[PDB]
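Heads up, the chain below is alone and in the form deposited in one PDB entry; it's given as structure tokens.
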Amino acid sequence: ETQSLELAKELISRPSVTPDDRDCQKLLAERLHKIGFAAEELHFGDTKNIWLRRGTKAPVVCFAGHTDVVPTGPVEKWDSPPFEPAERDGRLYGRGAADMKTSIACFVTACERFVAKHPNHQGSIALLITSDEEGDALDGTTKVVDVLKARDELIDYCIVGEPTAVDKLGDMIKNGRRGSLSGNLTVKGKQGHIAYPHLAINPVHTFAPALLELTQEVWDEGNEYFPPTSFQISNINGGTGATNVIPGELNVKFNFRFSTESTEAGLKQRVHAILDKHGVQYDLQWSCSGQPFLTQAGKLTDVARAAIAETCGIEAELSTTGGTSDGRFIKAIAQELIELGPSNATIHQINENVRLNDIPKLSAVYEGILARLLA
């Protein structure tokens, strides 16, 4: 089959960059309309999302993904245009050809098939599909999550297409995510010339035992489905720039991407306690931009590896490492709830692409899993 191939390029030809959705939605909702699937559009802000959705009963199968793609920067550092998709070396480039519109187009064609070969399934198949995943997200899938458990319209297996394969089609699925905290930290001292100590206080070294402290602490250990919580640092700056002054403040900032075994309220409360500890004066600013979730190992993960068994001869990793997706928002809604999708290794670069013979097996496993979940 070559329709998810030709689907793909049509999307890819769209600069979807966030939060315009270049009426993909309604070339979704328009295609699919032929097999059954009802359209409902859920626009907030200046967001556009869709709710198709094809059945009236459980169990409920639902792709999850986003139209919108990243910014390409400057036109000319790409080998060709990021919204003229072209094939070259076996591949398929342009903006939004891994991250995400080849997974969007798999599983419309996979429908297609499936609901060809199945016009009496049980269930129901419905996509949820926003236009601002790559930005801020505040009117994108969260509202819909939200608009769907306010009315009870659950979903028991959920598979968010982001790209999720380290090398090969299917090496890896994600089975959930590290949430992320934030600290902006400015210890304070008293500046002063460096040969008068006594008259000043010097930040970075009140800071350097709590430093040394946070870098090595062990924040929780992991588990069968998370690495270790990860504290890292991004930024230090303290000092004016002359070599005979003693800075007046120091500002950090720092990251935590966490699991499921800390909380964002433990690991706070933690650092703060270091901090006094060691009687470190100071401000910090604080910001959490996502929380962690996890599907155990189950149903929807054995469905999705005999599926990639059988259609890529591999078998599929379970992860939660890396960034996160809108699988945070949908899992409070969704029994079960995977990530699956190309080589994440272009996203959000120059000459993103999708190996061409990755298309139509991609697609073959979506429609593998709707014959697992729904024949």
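Numbering follows the first chain given and starts at 1. First, how it differs from the form deposited in another entry.
- Candidate list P82, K143, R355, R177; rigid-part hinge between these two forms assigned to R177.
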Given for the second form:
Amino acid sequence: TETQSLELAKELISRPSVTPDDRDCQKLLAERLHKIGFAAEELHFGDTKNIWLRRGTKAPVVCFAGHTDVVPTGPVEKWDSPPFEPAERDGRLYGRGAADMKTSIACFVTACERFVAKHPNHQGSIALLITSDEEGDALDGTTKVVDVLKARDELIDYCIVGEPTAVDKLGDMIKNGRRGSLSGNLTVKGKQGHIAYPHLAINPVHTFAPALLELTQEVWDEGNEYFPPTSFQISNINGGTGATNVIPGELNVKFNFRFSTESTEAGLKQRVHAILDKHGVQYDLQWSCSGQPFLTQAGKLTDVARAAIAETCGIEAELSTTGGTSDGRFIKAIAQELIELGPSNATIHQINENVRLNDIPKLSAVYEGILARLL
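Moving on from the form deposited in one PDB entry, kindly provide the form deposited in another entry as a structure.
A lone chain is what you will see next.
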């Protein structure tokens, strides 16, 4: 079985492409796939590099999407082997980006090579949408490329985002969508004063308390067959001057919803304002929504991914929308069906990040099985 995915994953990992830097990872990919008919189109915005590689000119268009940037390593001596010197050890490949998400990219590229070699007259088109900023604020990465593609009507039928999705074994989980994310920055207003004269002050911690309990106990929805219940979480709360004999004048609270399609952005905001208003809270509230939920319901793409996983890995993949998010939240606008599929995400963003070596050629063969079933 092929070793080409492994060695390409190594050369990618060896590049310290901390966001938003690419270190010519995109150039490497472009030059390699150019050899088998992929045209390259660079789309740079701000400090972020993006590439849209494409072979073929007609439908169906199957897209692989991913990112070449990695999160910072932390103090390097805490690693067992250096984070940008990929090492084989105990049946694993260790390095920053080994799981998120350079190995996926390497597996897909080799899958393209093997597919195109076995089927040089295949129908449709194969594309790669690669960015150097998914891990940061992501203002100039995939979202810009999607807008360019949508503006010139270059649409996608099937997209696979190579993010790591597995719980333990490769293939046990595919993502067919993600929660939206809605964030609030609440400033509860009181009136500062000496703690010994509470009747001349208004303690914003005390005024907020009944709403906070109602917020943290609230059932937002029950989820459905594809999504878990909408989740509300407080991330920060800060109030006071540091003196233990003063009642603060204001209290700042930061909170977030990861919400399913059972609830809407507008609905959540109205509910939050209603809870605060019914308890007489005086406040300012700034909202920000960094994404809507998206979903690809059971269909050809999910069926095909399951079948390829059953063939290669021997297991039944489960569909999931849990966890964080991905660039799928931008791409779904131009992709009719989109899934995410990759290796274990157990060690992402952590020190001694790794992937099982046996999963590497399996992942690539899954991607190749997907290509064959769609094209």
